[PDB]
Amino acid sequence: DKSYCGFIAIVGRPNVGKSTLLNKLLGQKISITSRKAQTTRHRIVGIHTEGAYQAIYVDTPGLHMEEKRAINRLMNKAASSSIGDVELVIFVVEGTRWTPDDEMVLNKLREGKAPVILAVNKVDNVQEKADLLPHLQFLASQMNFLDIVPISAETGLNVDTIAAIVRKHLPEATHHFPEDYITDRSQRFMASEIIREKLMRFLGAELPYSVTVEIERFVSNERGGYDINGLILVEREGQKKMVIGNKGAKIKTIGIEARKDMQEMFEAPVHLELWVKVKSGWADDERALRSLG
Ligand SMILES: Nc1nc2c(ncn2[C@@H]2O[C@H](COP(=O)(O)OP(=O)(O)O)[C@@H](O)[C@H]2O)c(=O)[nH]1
């Protein structure tokens, strides 16, 4: 009748789909990505809190004192307040690709005490579904995995399977964090949050699943103001038009409101541009439209 809270690492070389899977695990209808991907002192990438379960996702396999201290700062807690250890490692790879980078990551998991799960991502993207079996057996001989589960972070295929395992490894404990805590204080992130919020405000009942927001460009001008490029991404074409809305008024208003809330929070000028793109490729009219004024 009490609670569970713990640290779950998500690891794997760049591009295997770590952030994509993280987002499917957080389960927000609108998600945020960042093609900049930078390293923080506390290594928290996201927090999933549902009922009595709080999963704290990090991007290092093990937490070292410097980092527990950074995590305590983030929460504004006395630096000697206790912090547990990574309880489960999600090792992520893509389809049947296997490189020395993949191995460098593996090397640091045996170095640890925590059980490792092997999430074979981009499974949807495998050419000959045959190649899989032999590869998986080769993968399995690399170390004792608690489990091996092929997934598509994009589709959601098997991600619930990862979730359920994660829940199982949360030690009994009080939650560290408040339910909706901001772990990324960067202005760049704050811009995303505002767009996501305006999307949720104005789309209402029509707003689909799997929308993601992303800030392609964040700069300060000479005028001590700001220039921001926002990119809103949707699964299918029909959705792209609900976002733009009848006569382009929907995306027009969203932009106006977001640029407003943005100027207020940044106490500075803001020029905001917003693009709606369908994940699977731009388009002919759109690409040619992109490179303009
Ligand atoms: N086809 C396919 N692409 C994926 C899948 N998961 C992620 N991707 C793509 O992989 C690219 C990078 O994923 P990302 O999470 O940002 O990489 P990472 O955080 O550096 O590991 C993105 O364009 C994703 O859309 C998947 O399950 N299938």
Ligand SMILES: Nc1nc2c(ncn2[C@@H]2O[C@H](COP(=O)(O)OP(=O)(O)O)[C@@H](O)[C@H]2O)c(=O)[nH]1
Second form
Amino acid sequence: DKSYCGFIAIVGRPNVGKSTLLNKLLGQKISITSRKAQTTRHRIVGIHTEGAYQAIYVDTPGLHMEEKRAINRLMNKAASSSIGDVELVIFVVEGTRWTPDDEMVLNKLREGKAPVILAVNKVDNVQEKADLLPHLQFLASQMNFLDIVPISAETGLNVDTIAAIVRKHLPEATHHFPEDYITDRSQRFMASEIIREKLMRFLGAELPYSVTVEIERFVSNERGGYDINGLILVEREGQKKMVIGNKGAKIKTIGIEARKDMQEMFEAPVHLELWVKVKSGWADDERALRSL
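Having seen the form deposited with the named molecule bound, the form solved without the named molecule:
Since only the chain itself is given, any partners or molecules it might have are not part of what comes next.
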């Protein structure tokens, strides 16, 4: 009978695992991690809808009036239509690291009426726990966190835990967005989206969890046309062989079919270059082929 919907923040200095945490929270089988300097004007970074709950994830602790009108334009709603406020904040930090950049973010939060969760990422990396406890005690000394939760974004350590608090903070309200609305309407996202389907379609029963599509390059040329470079990141090594398939079949197909739509959708032929890769890093041979 009742539904809940609200905005939630995910802040932290760059390269802390924010994007990885977001994808785990969005709960999509095949995710789409973009690398944009092109900061949205609405700051929406993803929307998780499930049952009566709709959490709208933003990358700002507080939503400006400017950001409120932009969210409305995104929804094609009157600029005057009411938009709430951030109800929770997930402050992500990296293990035992603490730069003036981490403080910069922390400084912007404390000065708010929104509760904040400290998400300590890559906590397993710190092989010297003798660094951890002292650190965590120093962190908690920075402000009153609603909670301090250590996570592994690539394992989903305490993502369910953060998922639960997040929902507890969704105010009673009607959803602002239709279920599968797109906040990224760029061609670059359209591209990632076509690859995503081809993987889902062609991998079939062999699709593993945690796959991530991403456009490393989308451009035109001095000779004209659309140069698109797809990056299909996977968790394991053997998984990488799946996406590639027998003789290179599966990755061949996914690429022709994906290129097809990229052309049917966009209005220009595209030279699509699809690269499978394990998130832990390229391999020797791969690093070689990546230079050819």
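The term rigid core refers to the maximal set of C-alpha atoms that superpose within 1.5 Å between the two forms. Residue numbers count along the first chain shown, from 1. Shifts are known only where both forms have a C-alpha.
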### Summary
Out of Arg185, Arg217, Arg223, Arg73, the position with Cα displaced 2 angstroms or more between the two forms on rigid-core fit is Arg223
### Task
Examine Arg35 after superposing the rigid core and state whether its CA is displaced by 2 Å or more between the two forms.
yes
#### Entry: Cα displacement of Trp282 between the two forms, core-superposed (Å)
1.6
